[PDB]
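Now for the letters of each chain:
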Amino acid sequence: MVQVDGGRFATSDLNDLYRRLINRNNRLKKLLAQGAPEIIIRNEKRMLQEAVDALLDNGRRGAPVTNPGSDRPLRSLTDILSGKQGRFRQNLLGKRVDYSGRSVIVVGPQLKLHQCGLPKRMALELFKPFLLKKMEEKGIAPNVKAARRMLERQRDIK
Amino acid sequence: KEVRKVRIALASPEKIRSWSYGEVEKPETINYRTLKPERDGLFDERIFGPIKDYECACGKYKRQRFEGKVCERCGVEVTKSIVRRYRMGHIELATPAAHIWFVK
Amino acid sequence: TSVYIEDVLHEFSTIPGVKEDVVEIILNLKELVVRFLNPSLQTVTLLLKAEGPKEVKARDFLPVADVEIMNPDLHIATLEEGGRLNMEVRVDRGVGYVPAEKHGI
Amino acid sequence: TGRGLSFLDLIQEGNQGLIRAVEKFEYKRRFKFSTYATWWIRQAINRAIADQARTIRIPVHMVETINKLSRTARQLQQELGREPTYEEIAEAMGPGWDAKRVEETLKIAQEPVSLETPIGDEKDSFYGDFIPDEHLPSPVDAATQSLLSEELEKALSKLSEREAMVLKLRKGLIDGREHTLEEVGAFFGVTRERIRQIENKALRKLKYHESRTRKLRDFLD
Amino acid sequence: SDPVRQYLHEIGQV
Amino acid sequence: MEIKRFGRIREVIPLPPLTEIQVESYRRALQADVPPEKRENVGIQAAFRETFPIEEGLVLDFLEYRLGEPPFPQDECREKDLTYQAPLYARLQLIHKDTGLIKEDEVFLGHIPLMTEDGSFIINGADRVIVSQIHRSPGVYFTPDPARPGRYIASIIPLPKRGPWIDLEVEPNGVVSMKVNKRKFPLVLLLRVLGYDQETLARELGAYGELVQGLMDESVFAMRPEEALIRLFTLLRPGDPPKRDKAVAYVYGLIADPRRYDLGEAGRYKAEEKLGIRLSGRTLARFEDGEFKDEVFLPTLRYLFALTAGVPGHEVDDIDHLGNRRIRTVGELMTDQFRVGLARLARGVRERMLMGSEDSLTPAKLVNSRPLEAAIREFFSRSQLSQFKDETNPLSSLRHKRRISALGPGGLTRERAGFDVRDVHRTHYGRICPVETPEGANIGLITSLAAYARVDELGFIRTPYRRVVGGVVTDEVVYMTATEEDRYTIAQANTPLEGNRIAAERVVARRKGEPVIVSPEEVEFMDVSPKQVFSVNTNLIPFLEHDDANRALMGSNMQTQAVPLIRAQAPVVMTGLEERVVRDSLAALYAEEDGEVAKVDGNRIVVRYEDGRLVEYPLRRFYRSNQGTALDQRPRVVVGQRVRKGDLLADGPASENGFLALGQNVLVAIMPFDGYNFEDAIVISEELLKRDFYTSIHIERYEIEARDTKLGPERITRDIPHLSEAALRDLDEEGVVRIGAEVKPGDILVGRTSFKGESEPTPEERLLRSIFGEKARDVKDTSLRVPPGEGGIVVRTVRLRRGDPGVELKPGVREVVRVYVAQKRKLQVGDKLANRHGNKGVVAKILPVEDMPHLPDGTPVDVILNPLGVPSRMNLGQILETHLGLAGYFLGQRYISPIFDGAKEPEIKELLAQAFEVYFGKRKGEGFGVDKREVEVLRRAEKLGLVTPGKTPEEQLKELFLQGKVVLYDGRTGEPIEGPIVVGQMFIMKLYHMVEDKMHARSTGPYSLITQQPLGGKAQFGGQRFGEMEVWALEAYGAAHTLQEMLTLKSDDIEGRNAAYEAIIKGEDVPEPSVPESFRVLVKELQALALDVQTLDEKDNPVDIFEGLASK
DNA sequence: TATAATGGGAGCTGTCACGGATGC
DNA sequence: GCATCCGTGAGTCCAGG
Ligand SMILES: [Mg+2]
Ligand SMILES: [Zn+2]
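Chains as they are written, first to last, in the entry's author numbering: chain A, 527 to 684; chain B, 3 to 106; chain C, 54 to 158; chain D, 203 to 423; chain E, 78 to 91; chain F, 1 to 56, 63 to 1118.
Please note that a few of the clues may not be correct.
Stated by the list, open to error - Covered by chain E, per the in silico footprint, the following chain A stretches (three or more residues, Cβ under 8 Å):
1. 572 to 583
2. 643 to 649
Claimed, not checked - Derived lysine-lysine pairs resembling DSSO-like cross-links, with alpha carbons at most 30 Å apart:
3. 325/D - 1004/F
4. 1105/F - 1072/F
5. 1090/F - 17/B
6. 190/F - 109/F
7. 7/B - 1105/F
8. 1105/F - 638/A
9. 83/C - 651/F
10. 54/B - 910/F
11. 651/F - 4/F
12. 938/F - 915/F
13. 280/F - 185/F
If you are wondering where the hints come from, they were derived from the structure by calculation, not from laboratory data.
Just so it is clear, CB atoms sit at the ideal spot from N, CA and C, and this is done for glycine as well.
Please take these sequences and the hints and turn them into a complete structure.
Right, dumping it as structure tokens:
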């Protein structure tokens, strides 16, 4: 349950699934204590099964659960694990990675075979901790943090 | 020690409860007025762990000097908030429920 | 190398009473040919004040000594009834091609 | 239906209503059962709708206030030909209500939104994929705290171990808590005036070393 | 298969 | 300069209004200019008439509706992020059945969005376009059974979401089955329900061998219609009480209920045509006098059996024929959603009718507008067909409005689409363009409206054809559907015409799309134009006949993507279209009536017409587009100019004196160059930048909110802690950057301070505070700064505040500050250039002017394209365009070469000859003989069989020139190219994809919440995905530590990544990485799945990868 | 808290192709 | 012994909005 920039809240679908579960479990415990008829306890029991079903693999059996005012099935634990976007092939056979960049390729025929043309800007950010270290080595800055401050703005760069 | 195998096996309800740090009794998220977790709800710092490192919910214990200490007033152990990503809870069901994976 | 116009804060403006946008006016002013008769001279700030129904050309610049406009018929602006214009352009010696984004004058 | 809760959830709350009504019904009043049951059934369904339909749960009276404010604004718009401002609603709502209060009540009613709500036609795009994590510190932050801790040690070592220790206690860089002068003096075996005085001179020597070397200014932000 | 049809049947029993 | 035009084809009719597919559809749907009693039962009128009246008791009936006026005009909506929309009132009357009491009022439903003059919309302040949709027309189709070769599936299809698709099949056992809602039951049963006794079915289907016998089930005629109806209902609703009135309700609502079931007006017409019958309504059966009366079912059964036996006059239906595929324009999509919202409003009506005081009920209390509002809002905001408008350049918008998606609600999903869907059917001829489409996943689905094409009343695309009686081509021009034109021999628009007679003895024509040679006695119609066969973008490509389709496509598409240049130019080779497109896209300002010009200015143009009246036109000046291109207009007339009706008063974006200026005409040499034009890269002259060619203006919008908080207000102030006047130089006292300052990356645009969250100063902080003696301030700098690699000159500040008039923002925010920052973009290394023939590539090298290949007279070429592209890509049109470009360069004129009716090589040669005389007799008169280098190249070209040997140097240079080749002198050496080189004037465009917008790089940045991996995207200062296949790469290399660095130190690994950055800024080697946080998340997400996941050493004894924090 | 009220409504329509478990 | 029904899968990265 995260407060995004605007102050409004984002949340996960696993929350609404678990809540469904606790509500059907609590209502069941209370219909039991109050001695409710059979037919009713049967219905609460069935609905509770289906709430556990939806939390673990929503849409696996019968209907898929949705949030009100949307036809969009909720992300169950199974849909998190399994799938082209599921955790396995989304964050453990491939990840996003620090120290990377990207730009447009241009032919450089003056390069040797073992060479590439890399802009100054991409190079200053891709090598940035090194740049602070060696900026401290030579006199260019007192310490790491002063070097990072100096590269923060473009016009300060010398 | 060095990891050498990874095992996967069924969890017993005894084992589940052994993971769980507390039953989630109430389907409450956070209080609409303070934006803080509701006791025995899905984000209860009493179960899952503190939200600020080394500081308890109510505020009696804010420092690292207390570690493993549970506040008597609010019941939140004082450790690192990283634990909210690692601590299982549980929901104890009235009727047993099958696990659709081993059904469907 | 530089233009200041009165009541113009930046290049993407339009002056009321003037058909041309500032961008176009700098495109015209680039083509100005300004001859320095004195070799000591490095830099000149030409003034231009004009108004009324009139097609300002490069002759309308207030002339300076040791300075000669080699294309006085060069069109610059088309001014309308009540439309005014008060420029101060700075013109320098130099070599080759020095983009605006570099010389920052 | 269409009010936050599943049909079947709604029926089971109506069933709790039926139970209250059976246990409270008086045949002697000669009324049919349906008449008295319908009251407790409606009661139960409305209490459930007001108690569960919101992820972030809002007390019953407040939900009723929010809904009243809804219907007010709807009347106001259905007569104005347009939406109402906060001020028109604070009028038609009644006294005690100013525009500010309408605003804050709305800001409280703001439901959370899903992290899995897509942005694009493709499934490559969720809404969580744009929210950073402002809790776990950045490596820049942690490294800066490390360089701060080390430079603080470097400037503390130019002090004698007594004055370094007095300061490391009176601020709490050791054990996590800051002490009173009586504790630092009953530890060092010295008066509270004397331990406060060697804290003074420790701070003064640190201020002089800092006017000279300037190794700590960059961490004051 | 459709829980609310099933429950409407169980109810139409009594 | 003169504009000389080729071609002989006399196109009778002009291109119809090129946004009428939008404007006429919405006009049809709204009828906001029709007196209400004159409205027809269509559009939102018909939606009302469907949803109302509303019974049960009480009765609420619809009288009429009316649309008001916008509460804000178009530009003001755009500024304040509002929607352009008219208030919608409807008049209703409540009637009590018994009492008779009538209460009548005008309930206010909310607002309907209005469509701007150019056929677009403004939703939440952005321009958007509703793209038309293509789907299978309603009606009856017989398509063969793919398994059973002699048996056929009949199918009955309504409008989308207006009834279920119904199937009838002749089964292997002989009984005719009907499928609906996926239930297969004997049609016999529904026939009985309809009243059919074995008498009528026998005398109607007896003609067929045994097919009626499988319909003979005595146990069905043994029961009455009521008994058959309860039998069918038990078939269709297992486990539902077979109440008689409930079964009548359900089966009426399935088949006969016009409120629920609806073929189109088109589905209805096409059923009448296919089945040889008439329909009284748009349903399959009726409820009359208490029973069910057939309309469609017996005809469909009759046709199916007749096709199954083999009687003549019955065919299968081609389902991708454009006679059976129809367009749903904007009005139909919007009206559909309006019907949905209305239906919800009626469910709310009946709900409020049961409960609540049965006496004091007005319409105001009965109608809840909200459902309807949210339906319409939603369609215009998150529908797949509500696309963000493309205003790159004016042609982009004009083509957007004329797209056709097959996708969208109720059509196809990706990979629900086969081949036959995307094939270009024979019936696309004249309707849907066969080149313009996407290259990639959506190919064949998003398509484009042919130019002469228009959508008729029933939703079919129609094309014009001239009527040819006895080989006399009249001027009567007839717009046809596919199924209409399928009955006419239709000759091409190139067949020779001595006046109005077809002059050839043998003629090229089409019979049902098939090509056939044919006499003028047999010719019935003739194509209007060649322009008629292609979309607008493809009609903008001259010399198209010489272009393989594959690269004609990218030419087409990239024309959409041309940035407006400050100095844009109409091509030197045009097609006869570049003016219509400026005129219809509504970019350029025109003259309404004959009149003289009053006042001309950089912001206004006042005109005195023949009416005497003064009309002032304001000019859109430096406004920002959807895609950040600058959209402004410029005055093209001067004070007092007498201008006739339709004369040009102002040039818009990418418009040169009313012509479509999507780029520049540059001077081009087609020869390799040192590798700098290897593999479609491009080399340009620094004098391109000198004379400000390929230079655009782009304005980026930056925005910030200041909102109220539980810790205090975020406030917009100049007073920002720990900052110098160096930092606050160009910020005013409010904290807002001044108009006209230069902002570089890291510059504060708006100074915002927020109260610090409750912070426990870690002991280090307390001691540093005590050493310096400065209180920790209460707020922190949160100012809007300039992102990496952006910046420019500030040209606007919009500051909206709460507490200021007219301004009320979303709940919680105190104020919004928009900063509009513009930049004049020159052309740089990495920017993408392209031509109209498919040739695209990136600028790889900008050589100074003294290195450029130059001509004998000293003129340097502008761009050096590599010939190696041309052969592979079979797009020879650009070669011809370059030749005619040369001719026009020296003659100093432009040309108009119509597509398929253009300039031919002989005429290009005449022009080239004239130009050579201008080129070279200049030289002979100026007193210069044939240079030595021209000799060397001439001997070369002689050994190349390019000249005839022995002719004089002038004779031979003229010979070469006529081949579009000239002598060129390597600017570096002085020496001529070993041989002659093609040189000409070419239309090259700057595509939108500029390197300034794509260069991105991160050391470390923000991470994700659950995974703690970096975000993706430039805007988020993201990381680059290292997909599976990259891991496979690093694997096949065995770069194990490089791989493990990707998988831990640079992502997921939190302790390791923090230690890495420390080690680097320190000077130490990076630490051995530890367990990546995402594997912890996998652990825990499998626990939640009730699965123990255990990390073990070789002793099969657990390993705690959570370091105690999960064990109690 | 007391006339009496007693079984819901969507559905959604143009993939294609396998493997592998279940009925005459 | 064959159909028959079920679920499961269907290329990479990048931008916007
Ligand atoms: Mg009030
Ligand atoms: Zn506590």
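I'd like to know which numbered hints this structure contradicts. Please list them from smallest to largest. 2, 4, 6, 8, 9, 10
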